[PDB]
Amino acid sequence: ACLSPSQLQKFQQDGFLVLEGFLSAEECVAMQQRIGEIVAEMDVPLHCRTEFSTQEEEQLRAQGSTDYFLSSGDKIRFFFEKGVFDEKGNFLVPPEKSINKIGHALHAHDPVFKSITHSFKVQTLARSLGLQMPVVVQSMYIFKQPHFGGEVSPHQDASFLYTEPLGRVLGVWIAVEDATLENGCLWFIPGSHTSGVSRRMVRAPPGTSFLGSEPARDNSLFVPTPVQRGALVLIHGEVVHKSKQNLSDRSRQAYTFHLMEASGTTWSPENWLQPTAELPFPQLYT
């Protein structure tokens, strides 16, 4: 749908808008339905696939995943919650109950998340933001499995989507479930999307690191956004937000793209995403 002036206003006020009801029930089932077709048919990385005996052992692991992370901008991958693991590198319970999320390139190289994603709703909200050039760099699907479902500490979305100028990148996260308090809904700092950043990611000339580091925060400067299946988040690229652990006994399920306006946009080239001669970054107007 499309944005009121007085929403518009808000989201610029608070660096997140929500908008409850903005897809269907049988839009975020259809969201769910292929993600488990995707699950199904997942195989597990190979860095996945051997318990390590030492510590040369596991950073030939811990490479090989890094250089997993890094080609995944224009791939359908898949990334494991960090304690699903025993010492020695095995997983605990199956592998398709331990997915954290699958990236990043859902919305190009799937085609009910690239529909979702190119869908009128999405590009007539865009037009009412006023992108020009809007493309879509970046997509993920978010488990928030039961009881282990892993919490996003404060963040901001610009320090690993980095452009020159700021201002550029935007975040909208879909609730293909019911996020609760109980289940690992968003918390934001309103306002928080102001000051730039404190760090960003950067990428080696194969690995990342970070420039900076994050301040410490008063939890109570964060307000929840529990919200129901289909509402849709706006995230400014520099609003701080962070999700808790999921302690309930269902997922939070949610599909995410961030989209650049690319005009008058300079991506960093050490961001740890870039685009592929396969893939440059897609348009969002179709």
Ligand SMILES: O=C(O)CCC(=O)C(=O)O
Given for the second form:
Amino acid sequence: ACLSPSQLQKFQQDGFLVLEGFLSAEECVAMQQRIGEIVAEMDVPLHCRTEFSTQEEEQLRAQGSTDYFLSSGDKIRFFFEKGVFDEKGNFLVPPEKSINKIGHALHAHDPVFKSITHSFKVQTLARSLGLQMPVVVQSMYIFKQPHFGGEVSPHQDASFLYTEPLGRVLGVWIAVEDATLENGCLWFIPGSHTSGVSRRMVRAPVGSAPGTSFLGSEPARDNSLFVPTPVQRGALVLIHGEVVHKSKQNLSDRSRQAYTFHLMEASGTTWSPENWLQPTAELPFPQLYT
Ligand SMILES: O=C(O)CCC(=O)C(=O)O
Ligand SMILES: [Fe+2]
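Can I have the other form now, the form solved in complex with this ligand, not the form deposited without this ligand?
Let us now look at the entire complex, which starts with that chain.
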């Protein structure tokens, strides 16, 4: 729950912190079980139903997909592995075995994830971090399917969840299953969170033309600078908004399920209107503290 002065210091130094056994095995089973039900009732998205042949379509598919993503801030939607489709856009395996991640409002529209997000343990940790008015800006469930579970390239979360000033966005990453060097565990570059961000993702403003694009670019960095952070089920990994982290493709037989959510210190902070994710009247970023 609450961090000791020591762990608190380590976080400031590294930009991330590993807290083994944060959650119990039963809490992990609860998430695993519920996500299983959510996948079972899933409907393949409109843009993923129709296959394509010409760009006239392949393009319209990528557009519907973009719109699907852009308006998922307050929904529970499915995003699939990019390489699980043939060339005409057909699934190579069942869609329910092709899901890369689910988001982005599990924390608000699902009782199990919501309850876990606002638990006693999470609120105290947040308090021990001195968070004033923390709100939940987004949440995701990441599968890391066996054998092709997509890699997540090097990045900083503030690149997508930009604010003013920086240092106001924090990520909570929870291992539902064991994360190892074999199944796509996280890797961090310790101390890489003190020089701001090099890139930012932005969405088209008022004026239709719905879409995303980047400003700046990820500076290639020394791969040897990454340190792996394999953890056992139930571990929580705190992720500073500017720390550089990544995860390799899952080449093992087991998946590497994880539940994540990001908090923003609303106190004296301004959420960039250019972030793809904007709060809706229905779901303005909810408070963490209960
Ligand atoms: O689970 C992963 O491999 C990446 C998740 C991540 O980058 C995040 O929650 O910030
Ligand atoms: Fe991240």
